[PDB]
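**Student:** If you want the building blocks of each chain, they are given just below.
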Amino acid sequence: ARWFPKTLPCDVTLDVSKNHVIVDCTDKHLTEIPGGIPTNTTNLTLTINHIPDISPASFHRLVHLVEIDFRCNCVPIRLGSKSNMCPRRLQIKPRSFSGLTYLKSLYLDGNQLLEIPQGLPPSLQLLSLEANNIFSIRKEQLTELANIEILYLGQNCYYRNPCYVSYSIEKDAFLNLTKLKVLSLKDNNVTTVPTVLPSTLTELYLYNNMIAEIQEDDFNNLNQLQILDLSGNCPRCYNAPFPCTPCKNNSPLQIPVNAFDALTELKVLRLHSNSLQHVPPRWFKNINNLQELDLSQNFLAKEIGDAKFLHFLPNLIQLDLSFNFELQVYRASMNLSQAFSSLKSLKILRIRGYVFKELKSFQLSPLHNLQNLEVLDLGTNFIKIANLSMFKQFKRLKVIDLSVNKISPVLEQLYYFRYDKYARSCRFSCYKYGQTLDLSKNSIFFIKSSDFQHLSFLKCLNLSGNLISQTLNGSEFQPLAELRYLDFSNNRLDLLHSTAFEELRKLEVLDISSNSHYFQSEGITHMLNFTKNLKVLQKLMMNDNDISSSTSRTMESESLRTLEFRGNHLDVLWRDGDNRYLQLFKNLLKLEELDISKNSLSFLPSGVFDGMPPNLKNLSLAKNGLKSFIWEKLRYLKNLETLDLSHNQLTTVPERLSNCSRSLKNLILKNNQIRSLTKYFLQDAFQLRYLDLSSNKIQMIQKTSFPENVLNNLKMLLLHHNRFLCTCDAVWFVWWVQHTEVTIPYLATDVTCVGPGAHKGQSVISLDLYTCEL
Amino acid sequence: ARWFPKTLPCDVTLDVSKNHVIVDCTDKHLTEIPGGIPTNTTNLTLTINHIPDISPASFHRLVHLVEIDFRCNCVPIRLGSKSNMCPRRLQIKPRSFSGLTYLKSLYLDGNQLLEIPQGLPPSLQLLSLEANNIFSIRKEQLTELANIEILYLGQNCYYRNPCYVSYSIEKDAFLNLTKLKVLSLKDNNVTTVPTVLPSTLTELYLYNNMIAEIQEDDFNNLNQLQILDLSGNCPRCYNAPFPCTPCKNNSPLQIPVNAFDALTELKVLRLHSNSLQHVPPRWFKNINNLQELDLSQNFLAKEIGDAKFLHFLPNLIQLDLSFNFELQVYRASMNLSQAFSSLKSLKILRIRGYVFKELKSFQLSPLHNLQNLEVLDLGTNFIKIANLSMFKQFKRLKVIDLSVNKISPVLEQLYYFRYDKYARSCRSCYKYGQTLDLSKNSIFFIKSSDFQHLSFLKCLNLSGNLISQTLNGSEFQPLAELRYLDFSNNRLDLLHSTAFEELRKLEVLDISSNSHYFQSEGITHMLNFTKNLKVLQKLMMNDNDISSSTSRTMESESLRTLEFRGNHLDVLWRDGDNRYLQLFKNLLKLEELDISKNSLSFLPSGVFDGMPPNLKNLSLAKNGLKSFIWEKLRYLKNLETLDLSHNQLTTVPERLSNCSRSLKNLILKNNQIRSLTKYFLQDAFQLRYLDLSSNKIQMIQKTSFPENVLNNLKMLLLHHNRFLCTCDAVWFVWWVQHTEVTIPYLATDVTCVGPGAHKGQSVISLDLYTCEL
Ligand SMILES: *[C@@H]1O[C@H](CO)[C@@H](O[C@@H]2O[C@H](CO)[C@@H](O)[C@H](O)[C@H]2NC(C)=O)[C@H](O)[C@H]1NC(C)=O
Ligand SMILES: *[C@@H]1O[C@H](CO)[C@@H](O[C@@H]2O[C@H](CO)[C@@H](O)[C@H](O)[C@H]2NC(C)=O)[C@H](O)[C@H]1NC(C)=O
Ligand SMILES: *[C@@H]1O[C@H](CO)[C@@H](O)[C@H](O)[C@H]1NC(C)=O
Ligand SMILES: *[C@@H]1O[C@H](CO)[C@@H](O)[C@H](O)[C@H]1NC(C)=O
Ligand SMILES: *[C@@H]1O[C@H](CO)[C@@H](O)[C@H](O)[C@H]1NC(C)=O
Ligand SMILES: *[C@@H]1O[C@H](CO)[C@@H](O)[C@H](O)[C@H]1NC(C)=O
Ligand SMILES: *[C@@H]1O[C@H](CO)[C@@H](O)[C@H](O)[C@H]1NC(C)=O
Ligand SMILES: *[C@@H]1O[C@H](CO)[C@@H](O)[C@H](O)[C@H]1NC(C)=O
Ligand SMILES: *[C@@H]1O[C@H](CO)[C@@H](O)[C@H](O)[C@H]1NC(C)=O
Ligand SMILES: *[C@@H]1O[C@H](CO)[C@@H](O)[C@H](O)[C@H]1NC(C)=O
Ligand SMILES: *[C@@H]1O[C@H](CO)[C@@H](O)[C@H](O)[C@H]1NC(C)=O
Ligand SMILES: *[C@@H]1O[C@H](CO)[C@@H](O)[C@H](O)[C@H]1NC(C)=O
Ligand SMILES: *[C@@H]1O[C@H](CO)[C@@H](O)[C@H](O)[C@H]1NC(C)=O
Ligand SMILES: *[C@@H]1O[C@H](CO)[C@@H](O)[C@H](O)[C@H]1NC(C)=O
Ligand SMILES: *[C@@H]1O[C@H](CO)[C@@H](O)[C@H](O)[C@H]1NC(C)=O
Ligand SMILES: *[C@@H]1O[C@H](CO)[C@@H](O)[C@H](O)[C@H]1NC(C)=O
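In the order they appear, the protein sequences are chains A and B.
If you use full-length UniProt numbering, the first sequence corresponds to residues 27 to 435, 459 to 477, 490 to 835, in order.
If you use full-length UniProt numbering, the second sequence corresponds to residues 27 to 435, 459 to 476, 490 to 835, in order.
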């Protein structure tokens with residue numbers, strides 16, 4: 027189909043609209059820029075390679091470049107691979123970029139550069155130099171950046187990339203950068219706010235530095251500023267997961283009461299981890315447009331009960347007061363100032379880490395008349411006692427979050466404690494259902510109906526990671542008549558009663574994954590036929606339950622479309638010679654997707670496929686140790702579309718796939734032990750659209766197995782990490798791979814000859830077998 | 027050193043005392059008996075192979091054989107491998123055994139044989155034919171077995187190996203086998219007790235059959251019988267994990283009151299799963315010596331409160347009454363007859379699956395004066411309430427088992466429910495003293511008074527409860543003698559460094575699989591709690607996902623062993639964060655540290671300097687380790703064992719001896735090593751054990767493996783590499799063939815991968831004479 031094989035080890039994409047030729051060589055194990063990059067390339071990404079220098083030769087012909095991404099070709103030792111350390115910093119020879127008259131964006135992060143590269147073109151709007159060794163900014167080195175709008179200089183001096191001195195910035199270094207909108211000097215060991223800064227700035231990042239004091243002039247001229255982040259200067263270091271040095275004399279970051287007066291356009295102020303003890307109202311006199319305020323990880327426990335500053339914040343949308351607790355103090359109650367009633371526009375309130383014993387309805391009264399309140403997050407508070415019925419006055423909320431508490435009768462997992470949650474790297490949920498109460502990771506042992514009195518509006522309840530060891534019998538959730546989603550994962554469900562959960566008449570999704578406990582002990586009655594009573598259930602997750610026994614022999618539903626049954630013991634239930642459970646799933650009449658991966662199914666007894674429900678479309682048998690498979694039995698699965706046999710020990714494919722299924726579109730066989738294909742494997746398999754044979758032991762593929770009238774209809778064919786022998790017997794396959802339009806990933810990287818000797822480790826895409834045609 | 031390489035793919039042991047020559051060819055993927063088997067072989071095992079026939083050639087020279095184990099060369103389809111099914115039953119030609127004049131034992135289990143093999147020599151004492159397809163026994167087929175003592179015929183007709191008819195035994199089939207001692211007809215679809223049986227019988231196994239009725243005279247002559255097992259005839263089928271058919275009209279197995287009158291030597295009576303409703307005392311009239319009685323999986327719930335039969339069993343040692351509950355009944359109390367007090371000799375009482383709500387002290391009062399009682403098993407009873415102080419009257423017991431209950435403020462896992470717990474295959491803190499096992503209960507909160515009067519306990523098992531408490535040293539105050547606490551599979555909240563410090567005699571603490579509170583950010587955890595435990599020897603903290611700690615150091619003057627696998631030292635030792643690099647340094651007496659499975663893809667500098675001084679055994683297995691600075695082992699002056707198995711290492715050090723002068727045992731199995739360094743083991747005089755198996759090694763040269771080190775090795779593992787057998791490999795091939803160093807699997811998985819000719823061939827068989835023309 028193609029007249030010229032694509033030999034370039036980079037993906038190449040078009041956007042004729044925007045006149046773009048996108049060349050992506052990310053992580054291609056390159057040690058030189060590859061020859062034959064298109065002359066018309068506009069976007070060239072060389073991120074995560076080992077190219078040791080840049081020169082006028084590098085981009086010679088490439089005069090139409092608007093963006094070079096040359097990140098992490100020499101990462102700082104502590105940030106980078108320890109098995110392939112960069113021996114010496116990127117060397118940039120003079121005149122490498124001056125040619126590139128259209129260059130708009132240059133990322134040179136993670137290259138251990140010692141200086142801001144000179145001779146940059148005046149077209150440059152974005153320069154990124156994070157994670158280098160540049161720790162002295164001189165005005166002279168910035169004259170080249172006349173038209174720069176975005177400048178990232180952070181991570182040049184911190185614990186993962188130390189420079190062992192204070193950061194230096196010359197007086198007025200940035201002032202003549204008259205179009206500069208975004209300046210980031212984070213994670214840099216900076217000691218003072220650099221002045222004077224250009225009045226064009228909209229975003230200023232100075233977080234995770236060693237700034238002890240703001241001078242009252244520091245932000246005088248910054249009347250277009252919309253985002254200011256001063257977090258992590260005088261950090262709160264308790265339980266820090268990074269080396270954390272507090273300001274001496276236990277000082278806060280010292281901010282004069284009028285420091286923000288010029289900042290009339292400010293929308294986001296981040297004062298996280300500044301050891302603040304008070305928030306002066308005077309801070310907010312001349313900002314009424316502030317929408318986001320982060321005051322997490324300070325010492326503001328007393329202030330929260332006072333908080334007059336809140337009176338000045340009527341347009342505030344998000345407020346974070348998390349982790350403000352006084353060390354070794356466990357308060358009886360939460361004490362919110364009445365001032366919270368003045369946050370008319372508030373949508374998100376987060377107060378984790380206040381640390382208190384009992385939540386009472388009255389303590390939340392100041393929020394009662396906030397009409398736009400959508401999220402109330404009281405996670406990680408060691409709350410022992412909360413009458414959940416108080417949330418009847420919060421029907422308007424989307425999320426009520428009490429996760430990680432001590433109650434008994459998404460932000461990243463590291464959010465409040467991580468050093469820099471916006472760090473760029475260089476290694477290679491039920492809310493949508495409506496109102497959600499998150500009681501995950503609490504100490505709830507026993508539940509009953511009255512616990513949920515007045516909460517019938519709830520659409521999602523998260524009970525994940527509690528201690529519920531109850532024989533649920535369908536009387537425990539009686540008020541929750543509108544619940545569509547129940548997360549009961551990581552409890553100890555005792556499924557004695559086939560009536561469990563039946564009172565949840567609106568339930569569409571039930572997760573009882575990781576409730577293995579009672580399934581582990583012999584002689585205990587379990588009723589897996591409990592699905593019969595759940596009349597509108599669409600999806601059931603029963604993963605990692607260690608299920609090896611069941612009192613009932615069949616599960617029935619007229620609604621269920623998805624069953625996840627991974628991490629059980631169907632191998633035990635279907636022990637060879639025991640026919641009793643071979644119809645376990647047969648009566649799930651509307652089931653379209655069944656995951657029975659990780660069931661130790663080293664073989665499938667006869668009867669399993671005949672026992673499958675009739676509309677089954679997607680079947681996973683992945684990670685079962687399957688050593689054999691009677692392909693002809695797929696004839697029983699008349700609606701089968703996707704079969705996943707990945708990570709098994711299969712050694713063969715069927716003589717004729719066409720004869721095993723009329724319907725099969727997507728066949729996943731990756732990570733098996735297949736050494737060759739059958740002579741007529743895919744002949745007449747016209748319905749096939751996706752075939753994964755990667756990570757097998759295939760040596761040879763011939764046209765009889767892989768007819769072109771089937772291959773050329775595939776959306777993807779995965780062939781990498783096989784054992785291809787590149788002899789004259791391989792001429793057809795090599796020609797066909799070189800010349801096909803069918804998508805085949807990792808050609809540049811992992812579609813390799815293993816022999817014979819001449820060709821060992823050679824990419825098949827580059828292979829020249831002219832000697833076979835002499 | 028050896029003159030003649032051993033090419034036989036079987037293990038050969040010599041045992042001069044017993045005149046034995048043992049040849050074990052178990053599981054060697056054989057399709058014929060190997061040539062060259064020693065002429066003097068006495069014990070030949072060919073179990074789990076695919077040898078399709080036996081003939082007079084099979085054992086021609088082997089006239090000294092006393093035992094042939096030829097099990098599972100053609101196993102019934104449902105019992106055998108589905109990836110490598112047997113095509114055709116084993117064929118045994120005439121005269122294959124008749125010349126083996128000294129043959130005492132013949133195992134032919136799992137061969138799909140249709141008939142008892144004939145032409146067996148008169149020396150034979152043991153014949154095993156389990157899991158064949160022999161379901162009719164005729165007296166004429168047994169006349170050859172005149173001297174047989176042990177006969178195994180079970181598993182020839184059951185759900186895993188069906189024959190589709192009742193088993194048949196001709197009348198008096200076994201009568202003339204006048205030395206027969208052990209007869210097993212289990213798992214056979216037998217419908218009646220075969221009679222008349224020889225009076226020499228000592229053990230009779232008739233379990234898992236279809237016997238509905240015992241006749242009064244079925245055991246009339248069996249005056250030497252010691253073990254009788256009638257289990258699984260009229261089974262109790264509730265929650266059975268196999269296809270189970272009960273006798274009609276839930277009838278019990280019907281046993282006349284006088285059925286056991288001749289059995290005056292009987293020691294063991296097994297009546298498990300016989301659907302019994304009553305135990306007639308009359309059964310035991312003439313049986314004075316009974317030591318073991320299994321009455322599990324019946325319907326004896328009412329009988330347990332009456333149990334007049336116990337008055338006839340003063341010599342009984344073990345009694346099992348487990349899983350006798352009445353379906354859909356949850357009793358308030360346990361009701362043990364006063365008759366239990368006559369069980370003078372009793373050591374073990376098991377009453378699981380009685381199913382009752384509340385245990386009270388007085389309910390165990392018939393056991394108070396059983397002076398020999400050692401085990402009381404009340405597991406799997408759904409008990410909700412039990413004042414643990416009641417066990418102050420049971421200080422004499424070794425184990426009190428309350429595992430699997432619902433209490434709140459070593460038998461195999463499928464013991465009571467499995468079909469045949471003695472079937473053969475074709476494929490703990492008790493030692494510390496008095497043990498209370500509270501594992502798999504609903505205990506959510508503990509306090510000192512819970513353990514009032516239990517100060518005698520040496521081991522407490524709290525594994526698999528709900529305990530989510532900030533233990534502070536006040537919860538176990540009565541347990542002054544406790545040596546072992548298993549606290550695994552709870553939700554320990556390690557806020558206080560005083561946790562567990564009241565257990566002043568604690569030697570072993572298991573707090574593994576308490577990951578819950580280590581999974582959420584911002585929670586204070588005090589890993590320095592070890593300082594307060596003054597005689598703690600072993601601490602297990604596996605699978606806790608620990609990625610953070612408020613304290614920077616763990617301290618102990620006593621701890622010898624720390625297991626810390628399945629945590630996140632990778633996060634604690636994040637490169638550039640030095641704060642936790644001495645976490646283990648102050649465990650001054652530590653000799654063993656397991657930090658496997660901690661995602662340590664590299665080791666930061668400072669880890670080895672920070673290890674405690676007497677560290678001897680270190681596991682860094684399963685870490686995805688991609689590089690290792692061998693020279694840093696010089697910090698570990700007492701290191702003897704280093705486990706780097708299942709990682710991604712590609713190189714060995716230039717000279718191991720220069721990295722460590724103490725190292726004895728080096729495990730490098732399952733890495734990516736493709737070559738050894740030129741002088742790898744030079745002068746490594748302390749090395750005793752080296753595992754390089756499951757790497758990618760192509761060649762080994764003599765310089766890497768000097769003979770003055772090799773000859774000190776106790777074991778050298780090289781199997782499953784990528785050995786290239788060219789003339790460059792001459793030294794290695796010769797050396798492997800002639801060394802006395804122990805190399806496992808030396809003919810099985812030490813194989814050439816090339817060149818083409820020798821591909822797949824064992825290096826031990828390789829002739830490389832063309833390299834020397
Ligand atoms: C941030 O700057 C400070 C200096 O202000 C660096 O601290 C110095 O480090 C050197 C080398 O460790 C010491 O000899 C000096 O005494 C230190 N001075 C002070 C004032 O502490 C610090 O190393 C820098 N941080 C990073 C991560 O590079
Ligand atoms: C045990 O013996 C019984 C008969 O005594 C076998 O049951 C017969 O099985 C065949 C074929 O499956 C049926 O056609 C007959 O109807 C059965 N007879 C009765 C009375 O049930 C049974 O198959 C045997 N069991 C095994 C495991 O082989
Ligand atoms: C190409 O470069 C321009 C200018 O920096 C950028 O806006 C655009 O997103 C880039 N396109 C891609 C797909 O990388
Ligand atoms: C709440 O906080 C204010 C200011 O911190 C305090 O003075 C007041 O007494 C507190 N009210 C209650 C109910 O605790
Ligand atoms: C919880 O609050 C409701 C009122 O909303 C009340 O009916 C109930 O008694 C309270 N429950 C408890 C246990 O106090
Ligand atoms: C429930 O909360 C758990 C634990 O925080 C979380 O992992 C899970 O995704 C939540 N479930 C849903 C459905 O959002
Ligand atoms: C469930 O159990 C309760 C006791 O908790 C019992 O009263 C009731 O009969 C059962 N309810 C249903 C809905 O079956
Ligand atoms: C589930 O199976 C059991 C019989 O084992 C039966 O008693 C119960 O009624 C069944 N329940 C449903 C909902 O089918
Ligand atoms: C089955 O899998 C395909 C992709 O493999 C997916 O797009 C489809 O929606 C799935 N079908 C069902 C019913 O889950
Ligand atoms: C050898 O066979 C005899 C006779 O059956 C047996 O007693 C002995 O245990 C056997 N030894 C071994 C090691 O197989
Ligand atoms: C115990 O059970 C026996 C026999 O059923 C009965 O006669 C006796 O009264 C029961 N005793 C108690 C305390 O239940
Ligand atoms: C438990 O029994 C002991 C007597 O051994 C008694 O002191 C104690 O009060 C009882 N405990 C409870 C909670 O009843
Ligand atoms: C404690 O009981 C558990 C659950 O049965 C068991 O796995 C564990 O081995 C026991 N611990 C000890 C130390 O015996
Ligand atoms: C431990 O906490 C309990 C309250 O649960 C209390 O009795 C005791 O004072 C505390 N112990 C210590 C060491 O503070
Ligand atoms: C453990 O470390 C903490 C501080 O992190 C300290 O306050 C406490 O006293 C230490 N405890 C012991 C037993 O060393
Ligand atoms: C390693 O070898 C060198 C060169 O002989 C020697 O000088 C050095 O001391 C040795 N180190 C150890 C730890 O044996």
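No lab work stands behind these hints, which were simulated from the structure alone.
Honestly, I wouldn't trust all of these hints.
[As the list claims (entries may be wrong)] Per label pair, the in silico range of CB-to-CB distance:
1) B/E693 <-> A/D790: 46 to 52 Å
2) A/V355 <-> B/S490: 52 to 58 Å
3) A/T271 <-> B/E693: 38 to 44 Å
4) A/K567 <-> B/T532: 57 to 63 Å
5) A/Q710 <-> B/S490: 31 to 37 Å
6) B/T127 <-> A/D671: 50 to 56 Å
7) B/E239 <-> A/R614: 40 to 46 Å
[Stated by the list, open to error] The calculated BS3-like cross-link candidates involving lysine-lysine, where the alpha carbons are at most 30 Å apart (straight line), are:
8) B/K678 <-> A/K108
9) B/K509 <-> A/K509
10) B/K130 <-> A/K758
[As the list claims (entries may be wrong)] Here are some chain A residues the structure puts well away from chain B; computed CB gaps all over 12 Å:
11) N66
12) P82
13) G495
14) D639
15) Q644
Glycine included, every Cβ here is placed at the ideal spot set by N, Cα and C.
**Student:** Each hint: holds or not?
**Tutor:** Cross-check of the supplied hints:
no.: 1; hint: B/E693 <-> A/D790: 46 to 52 Å; result: holds (48 Å)
no.: 2; hint: A/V355 <-> B/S490: 52 to 58 Å; result: violated (44 Å)
no.: 3; hint: A/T271 <-> B/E693: 38 to 44 Å; result: violated (32 Å)
no.: 4; hint: A/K567 <-> B/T532: 57 to 63 Å; result: violated (39 Å)
no.: 5; hint: A/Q710 <-> B/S490: 31 to 37 Å; result: holds (34 Å)
no.: 6; hint: B/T127 <-> A/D671: 50 to 56 Å; result: holds (55 Å)
no.: 7; hint: B/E239 <-> A/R614: 40 to 46 Å; result: violated (31 Å)
no.: 8; hint: B/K678 <-> A/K108; result: holds (26 Å)
no.: 9; hint: B/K509 <-> A/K509; result: holds (26 Å)
no.: 10; hint: B/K130 <-> A/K758; result: violated (48 Å)
no.: 11; hint: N66; result: holds (39 Å)
no.: 12; hint: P82; result: holds (36 Å)
no.: 13; hint: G495; result: holds (26 Å)
no.: 14; hint: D639; result: violated (6 Å)
no.: 15; hint: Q644; result: holds (14 Å)
Checked against the numbered hints given earlier, this structure breaks hints 2, 3, 4, 7, 10, 14; the rest are met.
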